[PDB]
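In structure tokens, the next block holds one chain alone, the form deposited without the named molecule.
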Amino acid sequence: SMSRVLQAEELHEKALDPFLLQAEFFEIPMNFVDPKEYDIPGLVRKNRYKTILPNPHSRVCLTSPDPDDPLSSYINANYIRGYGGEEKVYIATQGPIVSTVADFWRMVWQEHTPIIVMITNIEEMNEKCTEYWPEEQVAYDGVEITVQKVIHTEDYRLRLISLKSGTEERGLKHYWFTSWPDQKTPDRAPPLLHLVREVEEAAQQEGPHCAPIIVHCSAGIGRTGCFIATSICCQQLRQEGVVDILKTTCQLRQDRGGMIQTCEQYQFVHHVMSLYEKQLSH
């Protein structure tokens, strides 16, 4: 872990120095997995991008439908540590593809996941995230998924969902964020900060030892890493009076290679934290 602790003043200027940001950012190792770490015929069919693989130490393993088949148990997903190193606060995962939608819902059920955060624009529902929820009701390898209600806000749609399986019913909140920016300029920061704050409140409503929150768009690393890094640093700012975006990004990369994929994404986290520091100081 590298570290660069930013106090208010330094955070605002840092966010506005793209030359220093890219210097810092491209020193951080990607920690991508060697594909020759998964010798598994057909694995590529389960992967949206053939060279974005889950690091093995942190990867989510499915215990269905056949735990004894290494392909049946594979999903492109990693457990992600939260603020302060807490284990399994999030799962970062690719947007499901046609052949992994049942696997995704299998992981939701197996992990008791209470919240999903989807950061894929309405425009990008082609080959970036396969619609994986129903209009009302659907079922996958044992799990009845029902959309009970759709709450529209300015920058996300929240689906309240029930999952029936045998005699168990569970709730699920699906946050579909709709305001991911093309240009990562500061005027695009407030909706992301809003989404982070709403999800944290939802997560705390689950009580002690919240099960993992699933976050995704397409590859499970870039926008996903921004959202988790921003969540982590918001806690850090509230708790410590500083942010350490570099150390947080390093933590994330240890959990899953490529987390926060582009320098524009890295600067955007800085804009968002700069905005929040300002909000807190007034």
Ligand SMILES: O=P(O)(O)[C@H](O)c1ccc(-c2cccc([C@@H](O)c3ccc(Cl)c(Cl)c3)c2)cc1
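Shifts are known only where both forms have a C-alpha. Residue numbers count along the first chain shown, from 1. For the two forms, the rigid core is made up of the largest set of C-alpha atoms that agree within 1.5 Å on superposition. Compared with the form deposited with the named molecule bound:
At a threshold of 2 Å in C-alpha displacement, with the core superposed and only residues shared by both forms counted, 64 to 68 is the one segment of at least 3 consecutive residues that shifts between the two forms.
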Given for the second form:
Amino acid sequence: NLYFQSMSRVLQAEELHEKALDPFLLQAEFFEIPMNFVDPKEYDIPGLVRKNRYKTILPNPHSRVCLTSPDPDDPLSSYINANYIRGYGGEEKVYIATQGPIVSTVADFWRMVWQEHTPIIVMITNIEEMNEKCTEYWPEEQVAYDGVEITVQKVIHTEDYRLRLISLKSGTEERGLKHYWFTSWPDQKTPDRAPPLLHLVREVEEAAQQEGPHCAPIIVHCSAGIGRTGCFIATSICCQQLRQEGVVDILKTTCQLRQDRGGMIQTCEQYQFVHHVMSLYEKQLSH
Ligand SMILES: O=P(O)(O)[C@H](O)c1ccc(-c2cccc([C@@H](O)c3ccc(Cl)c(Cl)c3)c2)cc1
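Output the form deposited with the named molecule bound next; the form deposited without the named molecule has already been displayed.
Entire complex below, previous chain first.
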């Protein structure tokens, strides 16, 4: 309740099932959630226009990811359109929500990856949306940006994603990175389109567990880094909530998301989709 009054609607199984199929209650609830967008005039940085895909979708200042290398005192060099996102139970920095890199922000995105020790990237962009919704920021094989050698070591093709196993080398230190490019994001967010997003959420949460204690932030991106990104993150949080608590609170999870980054879960169709995803998971867990 720091940036706005949070809301909550704790759903047990039966109500969750019905709620996902009630678009009139969904839209009534959704359009009461504050967007918590940033006034664009909050950022008065010469050259900032080149860093943002959309002039009105800006990172909230309190949770903004600051690029501290090579100059933390230069407002432009330290800027990236990204925010630290709290996970389940308010765990700090479980994710980073960011826009899909553009030509002028490819090297900045890798600076963020390196600064944050990011082990996993979740890219929610369809094949046909390249390169207008996301610039291809990974190399075909190898590339070096600001002293970091980025190498794509393997491309694992699945039905709903392309997984790239990447190496990051600077000086003597070498780190691994998992890049999950999800290619099945639906235009029509019907229940039959919920299984590929659920599989991705479950794959990524098992991969984040395999990193061991205090997993570094997981980077999630789509075009503006709010809509599809908000859905992925809300689904991931509620999946942990349902297993731990036996209930889901998409409403309170959406409020938690909007407090960290304005516009997280941009549309009502996305809001309803998260309910289709959680209702399905609940049925699957029941067995
Ligand atoms: O969620 P948003 O961003 O607010 C918006 O609703 C939206 C906008 C565009 C798409 C999209 C883009 C390219 C191809 C396909 C399309 O060919 C397609 C690709 C994969 C699947 Cl799974 C489907 Cl069902 C359809 C769809 C999807 C969702």
